[PDB]
Structures are given as structure tokens and as C-alpha cells.
Amino acid sequence: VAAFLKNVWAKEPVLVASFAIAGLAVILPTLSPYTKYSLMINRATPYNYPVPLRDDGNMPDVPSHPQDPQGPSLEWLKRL
Amino acid sequence: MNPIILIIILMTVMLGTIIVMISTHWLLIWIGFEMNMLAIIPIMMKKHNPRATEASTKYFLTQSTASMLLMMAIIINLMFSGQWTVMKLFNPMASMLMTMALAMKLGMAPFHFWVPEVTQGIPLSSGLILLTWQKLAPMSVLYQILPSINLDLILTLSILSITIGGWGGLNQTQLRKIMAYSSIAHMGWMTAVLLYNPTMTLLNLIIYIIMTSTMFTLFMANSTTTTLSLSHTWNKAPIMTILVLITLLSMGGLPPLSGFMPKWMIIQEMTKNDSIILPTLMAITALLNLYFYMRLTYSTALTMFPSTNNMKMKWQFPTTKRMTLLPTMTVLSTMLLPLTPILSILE
Amino acid sequence: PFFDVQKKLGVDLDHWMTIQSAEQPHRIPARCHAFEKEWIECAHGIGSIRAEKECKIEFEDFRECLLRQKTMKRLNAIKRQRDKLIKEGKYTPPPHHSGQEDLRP
Amino acid sequence: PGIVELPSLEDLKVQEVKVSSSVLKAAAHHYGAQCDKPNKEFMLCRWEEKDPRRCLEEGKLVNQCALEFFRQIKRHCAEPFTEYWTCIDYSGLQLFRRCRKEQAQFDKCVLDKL
Amino acid sequence: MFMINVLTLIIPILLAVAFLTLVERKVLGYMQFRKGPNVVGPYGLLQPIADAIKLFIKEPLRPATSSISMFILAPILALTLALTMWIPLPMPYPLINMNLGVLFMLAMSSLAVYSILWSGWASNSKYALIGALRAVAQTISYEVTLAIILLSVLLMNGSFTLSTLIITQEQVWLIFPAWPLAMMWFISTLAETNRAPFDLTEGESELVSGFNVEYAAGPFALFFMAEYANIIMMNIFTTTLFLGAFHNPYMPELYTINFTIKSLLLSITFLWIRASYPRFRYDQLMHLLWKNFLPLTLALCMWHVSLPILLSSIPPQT
Amino acid sequence: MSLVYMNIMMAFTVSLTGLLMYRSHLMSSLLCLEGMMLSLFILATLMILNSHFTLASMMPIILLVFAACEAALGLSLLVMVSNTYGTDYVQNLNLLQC
Amino acid sequence: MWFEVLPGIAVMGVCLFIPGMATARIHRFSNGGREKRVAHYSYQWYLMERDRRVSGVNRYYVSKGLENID
Amino acid sequence: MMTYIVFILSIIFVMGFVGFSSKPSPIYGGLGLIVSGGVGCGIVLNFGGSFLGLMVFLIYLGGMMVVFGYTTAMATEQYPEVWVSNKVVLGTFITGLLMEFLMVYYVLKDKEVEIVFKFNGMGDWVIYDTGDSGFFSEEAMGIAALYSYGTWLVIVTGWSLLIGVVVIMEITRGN
Amino acid sequence: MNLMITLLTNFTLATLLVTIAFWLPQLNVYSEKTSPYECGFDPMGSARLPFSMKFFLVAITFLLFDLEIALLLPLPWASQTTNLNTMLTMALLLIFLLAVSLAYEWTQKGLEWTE
Ligand SMILES: CCCCCCCCCCCCCCCCCC(=O)OC[C@H](COP(=O)([O-])OCC[N+](C)(C)C)OC(=O)CCCCCCCCCCCCCCCCC
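Chains as they are written, first to last, in the entry's author numbering: chain m, 4 to 83; chain N, 1 to 347; chain l, 1 to 105; chain Y, 1 to 114; chain H, 1 to 318; chain K, 1 to 98; chain z, 1 to 70; chain J, 1 to 175; chain A, 1 to 115.
Hints are computed from structural coordinates only; laboratory data are not their basis. Treat the hints with care, since some could be wrong.
Simulated pairs of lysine to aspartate or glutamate, EDC-like, Cα-Cα distance not exceeding 20 Å [unchecked claim]: (1) J:87 x J:77; (2) H:291 x A:32; (3) J:118 x l:64.
Build the full structure now, drawing on both the sequences and the hints.
Here it is as C-alpha cells:
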């Protein structure tokens with residue numbers, strides 16, 4: 004496959020470069036470690052209003068104040 | 001034509017028809033119709049002839065007008081209804097525009113002014129693909145919106161279609177114009193019963209598709225596009241004359257052949273609604289269709305026309321053409337009467 | 001032959017867009033979300049003929065929400081009356097309508 | 001068909017937080033921190049009632065608590081807040097990036113004195 | 001007071017066009033080992049005034065065979081279209097703050113060819129027809145590349161606004177992560193404005209003057225100023241896109257000085273380019289842009305699609 | 001409904017009467033077809049923008065897209081006539097009558 | 001010699017300096033010393049209309065602070 | 001007569017549509033439709049559709065620049081008519097302008113015309129919203145969810161455009 | 001509104017220059033200055049003869065590629081979406097469809113010229 008690659012690199016290097024960039028752009032995001040970081044970065048953007056919920060008295064996760072430790076934090080993007 | 005490109009084109013037109021079949025959105029219906037258009041267009045231009053270009057131009061212009069009318073009907077339905085579900089329409093004018101669009105797409109009269117030239121200017125396989133596969137998607141759309149269909153409009157279009165198809169078929173010597181006007185007559189017979197029982201419409205569509213495909217396969221097998229060559233087929237093979245006689249007797253409407261199966265039961269679903277004079281008038285125009293069918297049968301099979309001396313060479317070579325499922329479709333087009341209640345599988 | 005393969009294979013192709021009251025990106029309601037919800041939930045599964053014969057009031061309210069034409073007739077009538085009463089000369093606009101009003105915030 | 005039932009103009013007559021956009025943006029984080037309870041009550045009852053004719057008392061309490069918070073800001077840390085909202089208001093896009101020193105001074109003052 | 005701002009935007013760019021003609025002739029002489037125009041004024045400062053007055057006291061000379069409607073409509077539309085896309089340029093604060101100024105630039109750049117087509121067809125001649133056909137082929141060549149260049153460069157910006165383009169320069173120039181796209185964009189700006197070696201419309205050796213060969217003085221000067229405003233504005237746009245400078249909200253003098261100097265240097269580089277290379281054939285124009293440019297920019301477009309996902313560097317849309 | 005809706009639909013039927021009555025040129029009819037689609041696109045976009053239907057905003061442009069996907073086909077159905085006839089007059093297009 | 005082009009091109013620099021600077025200076029006049037409030041979406045427009053409705057002079061650039069309330 | 005800006009732009013739209021619906025010549029029809037598309041894009045921009053208006057602008061400019069190239073290539077007559085070089089072109093143009101002014105006078109007088117459906121004489125701004133959509137535009141997330149929500153639509157659109165390319169290649173082969 | 005004012009001012013400045021260029025100087029026309037230019041000789045026929053233009057497919061496929069651009073253009077806002085995998089996969093799919101059309105053009109001799 005080396006002779007064929009040398010031949011196409013000698014004839015038209017633009018096609019070889021374009022196909023190399025296309026293959027890199029295809030196979031690298033499937034091997035990327037920061038794609039899930041992009042997922043939570045997009046998911047953590049506060050576009051609309053975070054409306055509260057009614058209380059039946061049984062909820063261990065949601066807080067009553069924004070500064071309470073209960074609830075999700077955003078420390079991972081602050082450090083990164 | 002490249003075989004891979006032709007296979008891709010056929011997969012495109014079947015994909016467009018399937019998209020029209022399976023979608024619950026008006027935009028996807030129109031997208032499937034556009035794909036159907038754009039894939040059937042090069043099928044007619046397989047031979048690169050001026051007749052094919054004229055037929056393609058006429059077909060493209062008529063179907064484009066139909067597509068724009070369909071889009072205006074869809075937008076009116078959206079604006080008066082606020083959604084896109086393929087169900088009953090919420091405006092009479094949207095129903096008008098969609099009915100005119102589907103009549104233009106089908107070729108129903110008085111929008112029949114494009115079917116005979118389009119069928120004549122294209123080869124036999126392209127005519128088969130047109131007259132069979134283009135009559136499935138608009139029938140599905142009319143099946144979906146039959147609550148909103150105006151009764152007087154569809155009945156007037158149906159009776160005009162049958163009368164105009166019979167009167168057109170009375171005065172054509174070419175085989176393809178005969179096929180086009182017979183298709184208009186079958187279209188009127190099929191769409192007259194749409195509002196009473198759409199299963200009858202589906203059954204008549206299936207039988208018409210089987211019979212028309214059988215006849216176009218026989219014409220492809222004999223390689224004949226004229227009445228005189230069809231008469232000359234008697235010397236090449238007698239079996240071809242026997243099958244053309246029995247098939248063209250079947251599409252006439254004679255018992256005990258299969259072509260009497262749909263049309264008779266059309267009356268069985270129109271006398272229940274106390275419509276008496278309309279099936280009688282459509283039976284009279286079916287007799288007119290039977291008259292030009294009888295003239296064609298007199299031409300081909302019942303009288304052996306004089307031949308030429310060249311055909312002796314054709315006696316030394318068997319027919320090497322590929323007849324795609326010819327005996328099965330001939331049998332289904334001839335002797336399907338004793339299995340009449342099988343239409344209940346279409347419910 | 002409406003071959004509904006969207007329910008046979010369980011794949012959602014175009015049910016996410018076909019209705020105004022569907023799931024929207026970033027949870028943005030349309031101008032007639034509640035009327036759409038009422039018209040769907042009242043006319044669900046009972047047939048189109050019974051839906052037209054029985055659920056006509058909520059569909060009429062939805063159509064009035066969308067087209068707003070009865071409100072246009074109301075505004076036209078009051079504006080023609082206002083123009084007439086100015087033209088004969090027994091009406092004077094208040095300072096609030098004329099512009100010098102000092103709005104709430 | 002039906003009739004509308006609109007509230008009287010006397011009930012809607014309530015004093016307002018007569019401030020600007022940049023002043024509201026400068027003290028936005030501290031207002032959202034200190035005054036979360038009436039704002040969240042108003043947002044919840046507005047979301048679950050979907051009727052502004054029945055959603056007036058919580059809006060009144062939100063307005064009163066906001067004006068009380070701004071009065072508490074005015075009593076203790078007036079001049080750093082004036083500098084903060086002035087340099088915020090100078091920017092066209094109301095960017096929080098171009099106001100780091102003023103924000104640091106404001107948060108230090110309001111943490112040390114309140 | 002928007003009228004004063006509009007006038008101060010539209011008149012000094014016409015003066016810049018005139019002095020661009022001055023320095024064009026001077027520098028173009030100077031690499032050809034000769035002096036430029038320096039007789040009329042001190043170092044030839046009065047050459048553009050003489051050129052402007054001379055073209056406006058000649059005879060318009062309308063042809064008999066020319067359809068007068070598009071013949072009189074083409075140059076005014078050309079000058080307006082070269083003038084009307086200056087507004088979304090941040091300078092450091094643009095005239096009109098459009099959120100989609102890139103789309104406005106693209107659409108008004110697509111409209112700019114119509115003056116060339118109408119001037120080619122309005123005058124009844126073979127040379128104008130050939131010039132119109134070559135302009136059509138030039139548009140075919142450059143549009144399908146230029147749109148993808150602008151999209152792929154803009155993918156790190158986050159939005160179509162030109163005002164937020166000055167924010168992205170605050171750390172590093174975008175010519176460093178997109179230098180190949182910078183080369184593609186420079187060749188595309190060479191091709192669009194109809195400057196050599198991509199002129200192909202106002203040819204001297206191939207045609208006589210091409211699309212305006214039948215255009216006498218008065219209407220002819222409008223095409224001249226339209227093309228020169230086009231090249232100055234295109235170089236300003238390239239400067240803003242790739243070599244954006246440091247912006248301080250308390251002193252716009254720094255950014256005005258910096259982008260003025262950078263755009264002036266880029267226009268000097270354009271003058272340097274335009275007279276060192278032979279003219280390309282227009283059959284090799286789409287034997288290059290449709291053959292060599294397009295696959296490379298497709299690869300770089302998909303690379304810039306998949307790159308912020310790779311590095312977790314999704315830009316904000318606001 | 002409104003006023004601009006009336007203007008746009010009247011433009012559509014005006015362009016329809018333009019298409020449905022030929023004037024001996026195919027490409028002029030193609031221009032009238034694209035005008036009918038322009039009225040359709042404008043009506044659909046205005047209807048959506050009045051009704052705040054965000055998720056259906058794909059449908060106008062895609063509609064527009066598909067129109068070009070047939071309109072070029074009409075252009076591709078022109079030069080073939082020009083590859084057989086000298087011009088593209090529709091009164092010369094009457095070979096299919098026998 | 002070569003540097004003789006350096007006068008004339010400098011004039012073009014002034015012709016590339018007069019427009020844009022003027023806009024900035026115009027932005028320092030109609031907006032009362034501040035920049036023009038760049039409105040890009042509905043909420044920025046709502047805040048600018050809030051300033052217009054609270055200023056009482058029907059000018060958005062007249063910004064009132066915490067001294068306005070008692 | 002100020003807040004009727006949408007009405008005025010629609011009237012210029014109908015005027016240009018009547019102008020190019022006479023079918024005088026492909027270049028002049030393209031000019032008339034381009035004026036019509038410009039004021040239609042102005043309508044869409046005046047209704048907040050920046051992206052849709054600019055997209056229809058760019059698409060129409062490209063498409064009928066191609067149409068200009070085609071009519072200057074093949075479909076050309078020796079003496080093209082502008083608008084008055086032939087009788088029926090001017091006749092149908094004046095006819096269409098007369099009907100246009102006919103319902104203009106009908107809608108500015110009684111404020112309610114009845115052509116198929118009923119139509120009012122007020123501007124469309126009365127139906128436009130009183131609410132604010134925050135830090136974003138809704139059509140932008142429409143064309144953004146085009147890629148995420150719109151799976152089948154984008155697949156069939158791309159396949160149809162690819163099929164259009166292969167069909168247009170196959171048609172003009174000759175042999 | 002300001003866009004309309006800028007458009008009107010630009011059109012006013014444009015159409016004022018040609019009016020100055022036309023009605024100010026003295027006109028003197030005969031039946032040779034208005035003649036078409038054919039390098040000093042009479043024109044052979046008229047310029048309205050149909051050009052045997054050779055890049056018709058290139059113009060049509062420019063149109064088709066511009067519609068590919070129209071599909072690919074709202075991509076930046078899709079960068080803010082939540083479902084990133086479908087976004088990336090189908091942006092790559094559409095770019096690959098563009099490349100497939102271009103490669104089929106390359107192989108089947110479409111980018112070259114007729115005659
Ligand atoms: C904008 C900022 C300033 C820009 C520079 C401005 C100053 C310099 C200007 C120079 C003169 C320009 C005008 C004259 C030339 C005009 C013609 C022209 O440009 O033709 C284009 C020429 C034409 O080539 P050609 O003319 O040689 O064509 C011959 C073709 N064959 C060999 C097949 C016979 O080049 C191209 O088309 C290539 C496009 C640009 C390539 C850029 C590559 C960047 C790096 C990619 C990756 C490399 C690493 C390897 C892969 C790694 C993968 C991980």
C-alpha cells in the first residue's frame with residue numbers, strides 16, 4: 004500500500020491531504036476523552052428558568068436555598 | 001443506462017413511494033412525491049429521443065403544477081388547523097386544491113390531457129412503471145383524506161374520467177394511447193367508489209395493476225407497439241394470441257374472468273347507498289371500453305392477418321427475453337373469480 | 001394503504017414535529033399551546049366524526065386563538081366608532097392614551 | 001360567549017423599584033442569593049396557576065422584598081455600588097468581564113459589612 | 001443624527017478609492033522600475049482630482065443598440081452594492097449592529113454580480129457577452145468555496161455577528177488555528193473582486209474591456225469606484241476576520257489605528273500580488289476551485305465541525 | 001384572517017394564471033413556477049412566525065430547498081429541447097400528437 | 001525615491017480613519033457619554049425599554065441609580 | 001400611513017409579481033421576481049425572520065443568476081421585448097395592475113374583503129406577540145434542532161439532493 | 001428603519017452621479033458614436049445568437065451545491081444543542097454526501113468541458 008500512497012502523493016497531494024483530514028475528523032472524536040465534557044458543558048448552560056416544585060415533604064436531593072450543599076454543583080468546569 | 005445507476009434510480013422511486021405510504025406528516029408526503037417525480041423523470045429518457053424529451057417536459061410541467069397546488073392546500077390546512085397530521089382536512093378550499101392536485105397527478109379527466117402523449121413517447125417498461133407505480137401514492141393520499149372529500153366533485157370527476165376514457169379509446173390505433181385511455185376508464189371506475197367503501201377502491205386498484213402489468217409484459221414479450229404487428233404475432237406464436245385474447249377479454253368485464261370481479265362488486269357497494277343510475281351509466285361506458293377492446297381482439301387473435309416472408313427466420317430462434325412472472329400474473333388476471341371473497345384480506 | 005411502520009418498528013420519524021403542542025427545543029410554548037392540549041385530549045381515540053360532533057367548542061376556541069379574527073372584528077368596530085366620534089366631534093382622548101402617561105416601571 | 005373578570009386599578013397601584021438595567025445587573029447575584037424565597041414562591045405560583053389576576057400578592061411581596069434589599073444596599077455600601085454600576089453601565093453589552101476591580105471591591109465591602 | 005454618520009461613512013471611502021487609484025499607479029510603476037504620477041501635484045497628489053473631473057466632463061455616449069434601462073441601471077446598482085455592505089463592519093463599533101451580518105455580506109456579495117450581468121447584456125456586443133459569461137463562470141468558481149471558508153472560519157466565533165468577532169481576538173488571532181483557511185480566503189477574495197490574476201472580465205489582452213467595453217466616461221467611473229471600494233472593504237473584512245486587533249472600550253483610537261494600518265498593509269499586499277503573475281484562463285478557474293479547493297475545504301470544514309467537540313471548546317453563541 | 005395573507009395568496013394565484021396561460025416560452029413558465037413557490041414560501045414563513053411554531057421552522061427552507069431540486073431539473077429539461085430544436089418555443093413542441 | 005509613495009498612501013490612511021472613528025464619537029454624543037446599548041435579543045430590548053420607561057424623559061441613556069428610590 | 005409598512009411591502013410584492021407574470025423575457029421576468037423577492041425578504045425581516053429572509057435572498061440570487069446564464073446561453077430571441085414591444089404583455093401587465101389596485105381600493109375602504117376567505121384591512125402587527133423570548137431567538141433553535149430532532153428530514157433531503165445531482169448528470173448525456 | 005435610511009441615501013448618492021455625468025456636459029451625437037464596437041469594423045450579425053455555452057452542468061451543480069450550503073449553514077447554533085452525537089454524525093454525513101456528489105462528478109467526467 005506504500006507504492007500506491009506514494010503514487011497518489013506524487014500525482015495530487017491535495018486529495019491525499021483531504022482524505023487524511025477527513026479520516027482524522029471521522030476517527031478522532033470517537034477516541035476523544037473530552038466529548039462527555041462537551042456534553043455536560045452544553046447541558047449545564049442555564050437557558051430557561053429553573054422553576055421550583057411543590058413539596059410533599061419527601062425529597063432528599065433538592066435544596067431550599069441555592070447555596071445549600073444538596074443539589075448538583077459545577078466544580079468540574081470551574082477547575083477543568 | 002448504467003445498471004448500478006438504474007438500480008439506484010429504482011430504489012429512489014420505490015423509496016419515495018414508501019415515504020408517501022408510511023409518513024404521518026404533510027411535508028414528508030410532499031418530499032416523497034418530489035422524490036417520486038425526480039426518480040421517474042430519467043426512466044422516460046433511457047433512449048434519448050425527442051419524443052421522450054417532449055413527454056418528459058409535459059409530465060414534469062403537469063406534476064409540478066400538481067405539486068404546487070398540493071403545497072398550497074397543505075399550507076391552507078396548516079393555517080386553518082395548526083398541525084400536520086395526515087387525517088381529515090379542516091377547510092373545503094384546501095380539499096379542493098388537494099383534490100385537483102391528486103387528479104392532476106393521477107391523470108383523471110379533464111386533466112387527462114397529458115397521459116396519452118406521456119405513455120406514447122416512452123418505451124414499454126417506462127410505461128409500465130408509470131401506469132402502475134404512479135397510481136399508488138395518490139391513492140394512498142386519497143385514502144387518508146376521504147372524510148374531507150366533496151362528494152359531487154369526486155363523482156363528477158369519476159364519471160367524466162370513464163366517459164372521456166371510453167370515447168378516447170374508441171379512436172386510437174396506437175397501443176399506448178389505448179392503454180392510457182383504458183387507464184383513465186379504470187381510474188374513474190376505481191375512484192367512483194372511494195367515498196362508499198375504500199376497500200373496493202383498493203381491490204380494483206390491485207386487479208387493474210395486475211391486468212395492466214400482464215398486458216405490458218405481453219407487449220414487451222412480443223416487442224410490439226402497433227396494432228398491425230400485434231396481428232402479425234399470430235405467425236410467430238399461437239400461445240401469445242391465446243393469452244392476449246384471454247387477457248383482453250378479462251379487462252373487458254366478461255364473466256367468469258377476473259375483470260368482472262371488481263366492477264360488479266362496485267355496484268354491490270353503490271346500490272347499498274341507493275345510487276342506481278350512476279353504476280348503470282358507468283356500466284354503459286364499460287361496454288364502450290369493451291367495444292374498443294373487442295375491436296383490438298378482432299385485430300390480434302380471432303382473425304389471422306397476412307404476414308411477411310422474413311418471419312421464417314424468427315421461427316429458428318426461441319424467445320430469449322425475460323418474461324417477469326408472466327404465467328402467474330396471467331392466471332391472476334384471468335381466473336380469480338372463484339376466489340372472490342379474498343378481498344376481505346384488504347380490510 | 002397507510003402502512004404505519006412508525007409504530008411497527010417503534011421508530012419516531014415525524015411525530016415530534018407534526019403537532020404544535022409537541023416537545024419543543026429549550027421548552028418554548030407556541031401561541032396556542034393550551035388550546036392545542038385541550039383539543040387533542042378531548043378528541044383522543046373517540047373517532048373523527050364523534051370528535052367533530054362533540055368537541056366542537058374547544059376546536060372553535062383553538063381556531064379563534066390562531067386566527068384571532070373575532071378580535072379583529074371587535075377592534076374594527078370600536079375603531080370605526082372612535083373615528084366616527086372624533087369626526088363629528090364628541091370625543092376627546094385621555095392623556096394616558098395620547099402618550100404622556102408615565103408607564104408602570 | 002364568556003366574560004372577563006379584570007382586577008381593579010387600585011389593587012395594581014403599588015410602588016415600584018424605579019432603577020435601571022445596569023443597577024439591577026450589578027446587584028443581581030446578591031439579590032438572587034438573599035431574596036430567593038419570595039421570588040421562588042412567586043415563580044412557583046405563577047407556573048402552577050397560569051393566571052395573572054390571581055398572582056398579585058406574591059408579586060407584591062417580591063417587589064417589596066427587592067426594594068428592601070436595595071434599601072439595605074443603600075444604607076451601608078452606597079458609593080462602591082455607585083462605582084460598580086457606573087463602570088458596568090459604561091460598557092455597551094453590560095459585560096461582567098470588564099468590571100473585575102469594582103466587583104471585587106463591592107463583594108468585599110458587602111461581605112465585610114453585611 | 002444617523003445622516004451625519006452615514007455621510008461620514010460613505011464619502012471618505014470614495015476619497016480612499018481615489019487615493020487608492022493614486023497609490024495604485026505609483027506602486028505599480030515602482031515595482032516596474034519606473035516612477036509613478038508626480039507631475040500634476042506634489043508627489044502627484046492632484047492626480048485623482050484630475051481623473052475624477054475629467055471623467056465627469058466627457059460625453060456619456062449612450063449606444064443606439066443598447067437597452068437603456070439596464071444600461072443606466074447597472075452602474076448605480078454596482079456603486080450602491082459596493083457601498084451598502086460597509087455597514088456591518090465593526091470599526092470598532094459598526095453602523096448597524098446586525099446579528100447576522102455575515103449572511104448580509106454573503107447575500108449582498110451575491111447581488112454584486114448582477115450589475116456585471118446587466119451591463120454585459122444591456123450593451124449589444126459580443127465582447128460584453130463574453131465578459132458576462134466569464135463573470136458567470138467566475139461566480140460559479142468562487143461562491144461554493146467562499147461560503148464554506150466563511151462558515152468554517154466562523155465556527156469558532158459562535159455566532160454570525162461581526163461585533164463578537166472582535167471578542168475572539170482578545171487572546172490570539174484566528175489566523176493561527178486557521179492558516180490554511182486563511183490562504184483559501186485570500187485566494188477567494190482575489191477571485192471575487194475581479195483583480196488579477198483572477199480578473200477575467202476587464203481583460204486587456206483577451207478582450208478590450210469586457211463587460212463595460214461599450215461604457216464611455218461618466219457611467220464607467222462608477223464601476224471603477226465600485227471595484228475599488230469592493231477591494232478596500234474586502235481587505236478590511238479579511239483584517240477583521242483573521243488579524244483582529246486589541247479593542248479597549250475607553251479608547252477606540254487604538255483599534256482604529258491598528259485595523260487601519262493592518263488593512264492598508266493588506267491592500268498594499270494586494271497591489272503587490274496583482275502585478276506579478278500571469279492571468280489565469282477561466283477554464284482553469286473551475287479546474288482549480290472545483291477540483292483542488294473544494295475537497296480541501298470540505299475536509300477542513302468537517303475538521304472544524306469535529307474539532308470543538310474533540311477539545312471541548314464549544315464557543316458561546318452570545 | 002389578515003391583509004398580507006390576502007396579498008400573498010393573490011400573488012400566488014396571479015402567478016398561477018401566469019403559468020396556466022403560456023406565452024410561447026418554457027423558461028418564462030419556469031420563472032412563474034418559481035414565483036408560485038416564492039408565494040408559498042413567504043406564506044408558510046409568515047404563518048409560522050405569527051404562530052410562534054419554532055420546531056416547524058425547518059419546513060419553509062427545506063420546501064425552498066426541494067423546489068430548487070426540481071427547478072434545475074426544469075433547466076435540465078430545457079437544453080435537451082435546445083439540443084433538438086433551435087429554440088424553446090412551446091408551439092414547436094407538438095410532435096406527440098399521432 | 002521609493003519613500004515618495006509614503007506621503008500619498010498616508011492620505012489614504014486618513015481616509016480609512018475619518019469614518020469609523022466618527023461613528024465612535026457619534027456614539028459618545030447621542031448616548032450621553034456612554035456607548036450605544038447593543039440589543040441582540042428580546043431580553044436586552046426589554047431591559048432597554050425598561051430604562052426608557054423608568055427614566056421619565058423617554059431616553060434610555062439617562063440611567064438612574066439607587067439614589068432614585070428612597 | 002406609517003404602520004402599514006408590511007402592507008406597502010406586500011403591495012410592491014404583488015406589483016412585481018404582476019410585472020413578471022406577463023412573461024415578457026426571462027431576464028426581465030427575473031428582474032421583476034427579484035424585486036418581488038427583495039420586498040418579500042423585507043417582509044420576513046420586518047417580522048423578525050432575519051435568517052429565513054436572508055436565506056431566500058441568497059438562494060434566489062444564486063438560482064436566477066443561473067437562470068440569467070441559461071437565457072443568455074440558449075433561450076434567446078433576436079429582439080427581446082421589455083414590456084411594451086408586444087401587445088399582450090403590456091395588456092396583461094396593465095390588467096394585473098388594475099386588479100391589484102382594485103382590491104387595494106376594496107381593502108382600504110370597507111376594511112373587509114371576501115375573496116374565497118374573508119380578509120381584514122389592519123396590519124399584521126396586531127397579531128404579533130407581547131412577550132419576550134429571553135436571550136435567544138426561537139427560529140435559531142428551530143434550525144439548530146434541524147440536526148438533532150430532524151433526523152429523517154435531513155436524511156431524505158440529502159438523499160434527494162444527491163439523487164438530483166445523479167439525475168441531472170444522467171439526463172444530459174445524449175448517448 | 002436605519003437600514004432603509006442607509007439604502008435610500010446610498011441610492012440617492014448613486015443616482016445623483018449619473019445625472020451629474022449626463023445632463024451637465026454638452027452632448028453631440030451622430031450615427032457612428034452610437035454604433036456597436038467591433039474593433040473598427042461592422043458587427044457580423046447580432047450578439048443575440050445563442051451561445052454554445054459549455055458549463056451548463058457546472059451552473060446547475062453550483063445551484064445544487066449552494067443548496068448543500070443552505071443545509072450546512074445553520075451548523076453553528078447546532079453547536080449549542082444537547083444531543084451532540086447525532087449533531088456530529090449527521091453534519092459529517094451531510095458533508096460526506098457533498099463529497100460523494102463531487103466524487104461522482106469527478107469520476108463520470110463532469111468537471112471537464114464539452115467539445
Ligand atoms: C490571508 C492572509 C495572507 C495570505 C497570504 C498572502 C500572500 C501570499 C500570496 C501568494 C500568491 C497567491 C496568488 C497566486 C496563486 C493563485 C493560484 C493558487 O492559489 O492555486 C492554488 C494551488 C493550485 O495548485 P497547482 O497549481 O500546483 O495545481 C497542480 C495540481 N496537480 C499537482 C494535481 C497537477 O494550490 C492548491 O490548490 C492547494 C490549496 C492550498 C493548500 C494549503 C495546505 C495547508 C496545509 C494542509 C495540511 C498539510 C500537511 C499534510 C497533511 C497533514 C494531515 C494531518
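Cross-check of the supplied hints:
1. Using a Cα cut-off of 20 Å, the hinted pair residue 87 of chain J and residue 77 of chain J holds, with the two alpha carbons roughly 17 Å apart.
2. Distance check on the hinted pair: residue 291 of chain H and residue 32 of chain A sit about 46 Å apart at the alpha-carbon level, beyond 20 Å; violated.
3. Of the supplied pair hints, the one linking residue 118 of chain J and residue 64 of chain l holds, its CA atoms being roughly 14 Å apart against a limit of 20 Å.
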